[PDB]
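Please build the complex by placing chains B and C with the ligands on the supplied structure of chain A, with the hints as guidance.
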Amino acid sequence: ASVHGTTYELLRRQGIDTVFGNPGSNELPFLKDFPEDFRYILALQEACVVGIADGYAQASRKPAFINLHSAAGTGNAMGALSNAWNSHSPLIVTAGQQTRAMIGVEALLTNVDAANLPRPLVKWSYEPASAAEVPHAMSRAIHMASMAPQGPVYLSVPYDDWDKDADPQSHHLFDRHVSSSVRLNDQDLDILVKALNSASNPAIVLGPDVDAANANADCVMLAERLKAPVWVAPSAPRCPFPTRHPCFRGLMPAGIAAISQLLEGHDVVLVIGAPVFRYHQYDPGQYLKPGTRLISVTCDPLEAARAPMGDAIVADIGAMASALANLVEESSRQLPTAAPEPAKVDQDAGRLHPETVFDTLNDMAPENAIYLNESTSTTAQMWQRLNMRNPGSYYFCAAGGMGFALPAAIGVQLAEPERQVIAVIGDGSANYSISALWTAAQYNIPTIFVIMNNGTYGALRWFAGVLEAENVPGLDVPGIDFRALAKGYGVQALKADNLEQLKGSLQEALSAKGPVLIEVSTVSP
Amino acid sequence: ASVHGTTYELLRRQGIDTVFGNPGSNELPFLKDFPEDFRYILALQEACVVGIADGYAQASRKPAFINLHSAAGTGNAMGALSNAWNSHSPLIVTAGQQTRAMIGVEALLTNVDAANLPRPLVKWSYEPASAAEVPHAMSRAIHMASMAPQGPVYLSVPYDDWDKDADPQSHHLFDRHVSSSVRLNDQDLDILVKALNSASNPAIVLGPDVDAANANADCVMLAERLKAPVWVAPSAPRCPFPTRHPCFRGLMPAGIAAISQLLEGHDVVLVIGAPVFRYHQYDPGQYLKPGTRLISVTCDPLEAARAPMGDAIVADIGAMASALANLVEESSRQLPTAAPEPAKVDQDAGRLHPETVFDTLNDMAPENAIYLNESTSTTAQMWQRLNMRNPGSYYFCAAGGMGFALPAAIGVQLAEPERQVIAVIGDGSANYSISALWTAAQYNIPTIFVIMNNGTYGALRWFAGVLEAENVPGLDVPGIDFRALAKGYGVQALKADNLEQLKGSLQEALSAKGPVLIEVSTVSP
Amino acid sequence: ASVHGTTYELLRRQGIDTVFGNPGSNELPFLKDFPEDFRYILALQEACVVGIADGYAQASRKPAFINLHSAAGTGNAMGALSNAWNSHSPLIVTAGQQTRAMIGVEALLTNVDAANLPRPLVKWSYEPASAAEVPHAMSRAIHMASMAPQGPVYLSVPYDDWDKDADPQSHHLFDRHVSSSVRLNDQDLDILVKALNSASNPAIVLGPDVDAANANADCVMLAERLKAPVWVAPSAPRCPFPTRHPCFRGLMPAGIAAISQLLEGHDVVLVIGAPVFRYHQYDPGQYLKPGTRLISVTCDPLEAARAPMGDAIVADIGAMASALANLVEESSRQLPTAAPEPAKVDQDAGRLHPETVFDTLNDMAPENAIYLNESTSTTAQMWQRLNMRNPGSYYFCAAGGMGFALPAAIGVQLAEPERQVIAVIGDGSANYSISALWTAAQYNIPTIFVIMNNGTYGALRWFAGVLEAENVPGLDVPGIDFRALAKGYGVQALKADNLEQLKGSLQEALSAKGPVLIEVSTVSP
Ligand SMILES: Cc1ncc(Cn2c(C)c(CCOP(=O)(O)OP(=O)(O)O)sc2=O)c(N)n1
Ligand SMILES: Cc1ncc(Cn2c(C)c(CCOP(=O)(O)OP(=O)(O)O)sc2=O)c(N)n1
Ligand SMILES: Cc1ncc(Cn2c(C)c(CCOP(=O)(O)OP(=O)(O)O)sc2=O)c(N)n1
Ligand SMILES: [Ca+2]
Ligand SMILES: [Ca+2]
Ligand SMILES: [Ca+2]
Ligand SMILES: [Ca+2]
Ligand SMILES: [Ca+2]
Ligand SMILES: [Ca+2]
Ligand code: NA
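Chains as they are written, first to last, in UniProt numbering: chain A, 2 to 526; chain B, 2 to 526; chain C, 2 to 526.
Keep in mind the hints are simulated off the structure, nothing from the lab. Be a bit skeptical, because a hint or two may be false.
[As the list claims (entries may be wrong)] Partial selection, computed: residues in chain B whose CB lies under 10 Å from chain C:
| hint | residue |
| --- | --- |
| 1 | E10 |
| 2 | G105 |
| 3 | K124 |
| 4 | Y127 |
| 5 | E134 |
| 6 | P309 |
[Stated by the list, open to error] A few chain B positions that, by computed beta-carbon distances, are all more than 12 Å from chain A:
| hint | residue |
| --- | --- |
| 7 | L110 |
| 8 | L118 |
| 9 | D166 |
| 10 | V183 |
| 11 | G251 |
| 12 | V277 |
| 13 | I296 |
| 14 | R352 |
| 15 | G401 |
| 16 | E417 |
| 17 | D428 |
| 18 | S430 |
| 19 | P474 |
| 20 | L500 |
Just so you know, even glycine gets a beta-carbon here, dropped at the ideal spot from N, CA and C.
Chain A with its partners taken away, still in its complex shape:
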């Protein structure tokens, strides 16, 4: 067998059937004779390739496979890799290298010092020392991306390797099963459960690894048994809990003092599946107030090591959430009462307030919609106004890096063809990965893109206010026609300058059979 045949066999035997890619000439010997059981999803720039694969992996809860061109293609994808690192996304990033005979001379298209290029944003990065090693290196990449804590990996392969003979012993790679589905030992788990049962006023804080593990329903059972309020850890990349459940308390503020004030009076705070904590603004004060202790369950040793307070347990989130939910006692405390509905903001017949947009989306979208957020100044309102009952219903760029939501919404829609995806993206953020629209058109992936057009980088005006920073250049983005950009890439486009037109465009988009972009005129900050 050739290295090409053996490597595609390993991929299919490990459950991989889709290649997300933008091709080049070091990759043609891999892509030739492409197997009939695989698909190839082309995107026009590599941030878009990786964003699409990232949405697909996060929504499918399985690894996604990427093929990029050498150093320039890998490099175009590195902002997308920053977000994938912070969302623990299992991405297998492959890139083609020059033929071994010209690597030393640094022929055009040589990826020099290849394994160092995507560091520090990958768990494992490698170029094999011979062609026969390629299937074993691919096996390492698959398992490194997929074991907890999941994350992106990188493999560079000289183009001449594919046609070489494979090692006949590579068949032992095909059916390897590797598990990291582990939980705390019984004695120490019993100690944790007794601490939770004994707490007088527990709180629960949930992060994105809960949604990645599909541990959401176990966390609902846990919060119901403990009768405990539930927040989402700050800077949230995913939604880990039903947002209209009575225990839900919303997104935590991303500040040290704000969080310790929020948690004041809670004797035990159990954090599951989150870093402790993804603060943003600098809000110095106490990490926790006197009387509060914190316990974190995390799948990632790096998160356990860096927490500035609390105890930690490094284990699988699905296995731990299931065990805790089934072992804790039902408290005789009263269940928390649901938060009140948000108020309706006053809306005239002109430009839309973001609050009006989210209320109208909540009124009209299906109950199993999936939302993505890259409208950076409106996140708090989005979390207050969208009822997200089901797992896998929310994604936000985990490293804060623009350029994620537009392509990731296409990958999520490909992973979840029966759930309508609605990406809410600012006019600033929409540009970073605008060419991803083409992939939605070409493959007829029916994502809805709602562009919140207020003419400016609104969140940077907000943060400038926090810093009291004046005379800052580069904050306005006037003069972009998003219906013409959508037409450029083959996507149907609608405009909404007022609430009547917002309702009409959403009705048309929800009834459409392909992707649709709606440009919404929103109020200037």
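Same frame as chain A, but now just chains B and C with the ligands:
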């Protein structure tokens, strides 16, 4: 003085007055109170920011200063950095880091292991250990980017550093002058000159560092004195010689055997300002034929070390080209005769052959036009058909990475406001950095963009033919309307479906007062 | 509080009370005012500092703390770090940096690019961005070294940081408890247990992480219930099983084909606490024969990813070994019968055969002796001839790197003051870390060092035979007087040129109250 005030003083005293950027919140404390003597050039994605700065640096022959946001902004720019590394572009890339007090907890927007992120594509990469060190670290960045061999550098700065007090001794940085303008010692230079004077059939091969050094006119004098044919080294990022001078022989084929066959019969081959060599296709055979010896003058030790044949001298290209041109004897051999004009290819009233497009551009463009090339299947025809008499007249992505020419054409036009820039870009390549069009519109930078629309990644069909690779996915890019994309970003747009409309659109574009995009329907390969 | 006071408080609250070090001037501000409850163990070169700390950590099963001088001190220790990486040793390596104000100028003693220096041999490597961050960075180092898979970490600290004020919130670091004591979830564990109960001819292979976890006794119970033969995985750094238990089958040969032939006929092979596998010689063939399947339990994702065959479970070895030993059924198969005693080799009245030395050590040493091995050509005989009943009884350089056993034997003896340590070290290996002898003398740590003096690098003659390599320089080491080297560093020294003198020197050494070196004249290969 504050670190902010001291750092902007150092920049202006070192000749920097423009910041190319896409802002974020770790950068607002640097950008606030932006000095009145500086400009800020916004672009909507970081590949575009860096591409624009790269064109500006290459055309101005001076360092360009960039400010990006943390890891995601730096990462979005890394394919642009791959090209800048291979063009020796002096780029000072700065990125903002979180406040020092939250780096350890990895707050949102922390650039983890920052200095390792852009490696291996930078000459120097650093984050200072204290605020007071920031001006000295910036001084190091300026000089590292600017000394031979020039190239990109990276500096990460915690946002809280800017408002701190500067070291009063930082004033000694402001006027430092650092020179690498060096040439081979007199005794060894005299040995080289005697070898050139004694050659019976010398050849000259020139690379991009000749054009970077503005050594073009000295190389013309050298070739006239030696009566020697002149080629351009393969995979050329720049044009180092007048293309209709009698000595000019064109772009070398990018293959080992093809180059040694071309050079057969030449006893001494002098390479100036090029790697030896940027081969592309694998074309194994002899590096040089018996009877040919090679001497390379390069500004880059890495190029001298990796050449597989020949002697080398590591020195400044401007200083060496001037010395050689003024020291060699005038040979009594006959001057080489000019190559014949290219033939006119047959053209019907339908889609345009690329040969027709380049002939029409050569007929209509000013004699001091500047061309950029990212039309990958038509490079050989472009080099045969455009008379480029002057330095700084051609740029092509030096690492072969798509996404360079569209933004770089805007930076070159900003650097050379009296020379019309004409970027010839394939329909595939145009997508990688499409949002750069917005910067041309907003600042009214009057670049002309000629999009060669043949519906496919034509060069990858070519390379697939070379490999005899069949059943390759992802090679076609149908369904893109480039006039709608140009309208989306505010640029005037024209279409040319035949030769009459090509001539009319070029006349309109050359008479326009702002940027113009022309979509040309070209023949399918 | 100062950073100095807060950092020593964090260390003591996390169970650290000993600093292994060789001092320098960047470290004096850390070491000044050394707390009365800490000890400092000086060694004269940094390979020896780290080797001693490594033996101490491995034997105590807890992290050991090291302080080295800048880049040169760290660099002198990097061969010791290679062994610590492959033994999963929890080492917290700290090094002093220049004062922040002169790092940029690269004053003498600046550790440039410090965090990159010990990579790739550490799990985590860092220099803090401010003085106040130092206690949190130390907390990260402690937990990163101690969480599974354990391993060395590195922290560089500018010397001016120690006297600065600490962050008042650093107290939340002092009592953090972090656990990685996890095992496979109940459903999948029940599947594994049923596979073991159903096997017709199971085998068990154990590696060093069994001894690190003190899982040895649980593995004896497991092998007794399964009635299964037990081997030790190749290139063994530790001894994980009693070597005269009836199930014990010895050290596996370090070859691919040799291992699959050994395992032929075993239907399920359970590997616990080992890489799969640390082969050495290249012995190509099948990884496993038809009819054998392999299951690996490992604490290290990198080991699970790279195994070329089998299933894997990534979990804590102590927790998994305990669960399996208590859940499997007692098989009705007959218990394996003990291997026969090794034969006595013929010994004349001259130089000693290694077999005679190990038989005499086994006859005379206490039953709770601890052995170290750096006598590279005699490993197989050592494993056959020493009855090691107890955990923690054997150490061998895990990366194969010379210079481990001499210093590590001193650290093991410090960790286990009531168990006699006997280091068996070749005359070649003894030189690499010879100055460690001084620390044993100065602190009166009563290690016994048995130097096997055959005048040559015996194992390299063996491997040269395997390669059929002739005319190799550098294999002989004549002319070393080890009793004079021991006298040089203050250690009592004895010579044994025959068996009578070997017995007399061992009796004298076992009765001594301080360290003793015995130089044994062994037969030339
Ligand atoms: C890759 C990248 N570049 C720049 C930024 C900085 N950035 C920018 C540019 C923001 C403004 C996004 O504007 P928008 O129009 O999408 O939304 P708002 O107007 O609601 O803020 S928010 C933010 O952090 C970033 N985070 N990531
Ligand atoms: C960043 C990046 N991604 C992909 C490629 C691979 N690539 C691609 C995609 C080419 C086709 C460009 O198509 P075009 O339409 O611009 O021009 P032609 O049709 O004349 O080839 S040429 C080439 O090397 C690349 N070099 N750089
Ligand atoms: C740091 C280092 N340097 C060199 C070696 C190579 N080496 C050497 C030099 C060996 C010979 C050790 O000789 P010895 O006298 O200690 O024992 P034998 O004579 O029994 O082999 S075995 C071996 O792998 C090594 N592994 N580690
Ligand atoms: Ca099919
Ligand atoms: Ca906006
Ligand atoms: Ca001005
Ligand atoms: Ca094309
Ligand atoms: Ca004391
Ligand atoms: Ca020896
Ligand atoms: Na990198």
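Quick rundown of the hints versus the structure:
1. Interface hint status for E10 (chain B): violated, as the beta-carbon distance to the closest one in chain C is roughly 18 Å, over 10 Å.
2. With a cut of 10 Å, the hint placing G105 (chain B) at the interface with chain C holds, because the nearest CB-to-CB distance is about 5 Å.
3. With its C-beta approaching chain C no nearer than about 14 Å, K124 (chain B) sits outside the 10 Å limit, and its interface hint is violated.
4. At a threshold of 10 Å, the smallest CB-CB gap from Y127 (chain B) to chain C is about 9 Å, leaving the interface hint in force.
5. Look at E134 (chain B): its Cβ gets to within about 5 Å of chain C, closer than 10 Å, so that hint holds up.
6. Hint status for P309 (chain B): violated, given a least beta-carbon distance of 30 Å to chain C, over 10 Å.
7. Listed as a non-interface residue, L110 (chain B) fails to keep its Cβ farther than 12 Å from every Cβ of chain A; the least gap is roughly 5 Å.
8. With a minimum CB-CB distance of about 6 Å to chain A, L118 (chain B) fails to clear the 12 Å threshold, and the non-interface call is violated.
9. Distance to chain A confirms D166 (chain B) as a non-interface residue, since its nearest Cβ pair spans about 18 Å, more than 12 Å.
10. Distance check on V183 (chain B): its Cβ is at least 24 Å (rounded) from any Cβ of chain A, clearing the 12 Å threshold; non-interface status holds.
11. At the 12 Å boundary, the C-beta of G251 (chain B) stays outside the reach of chain A, the nearest C-beta of that chain being 18 Å off.
12. With a cut of 12 Å on Cβ distances, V277 (chain B) falls inside the contact zone with chain A, its closest approach being about 8 Å.
13. Against chain A, the non-interface label of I296 (chain B) holds: every CB pair exceeds 12 Å, the least being about 18 Å.
14. The claim that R352 (chain B) is not at the interface with chain A holds, since no C-beta of that chain comes within 12 Å of its own (minimum 21 Å).
15. Against chain A, the non-interface label of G401 (chain B) is violated: not every CB pair exceeds 12 Å, the least being about 5 Å.
16. No beta-carbon of chain A comes within 12 Å of the beta-carbon of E417 (chain B); the shortest separation is about 24 Å.
17. Under the 12 Å C-beta cut-off, the non-interface status given to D428 (chain B) relative to chain A is violated; the minimum distance is some 10 Å.
18. Non-interface status of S430 (chain B) relative to chain A is broken: a Cβ of that chain comes within 12 Å, the nearest being about 10 Å off.
19. Non-interface status of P474 (chain B) relative to chain A is broken: a Cβ of that chain comes within 12 Å, the nearest being about 4 Å off.
20. In this structure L500 (chain B) is separated from chain A by more than 12 Å, as the shortest Cβ-Cβ distance comes to about 25 Å.
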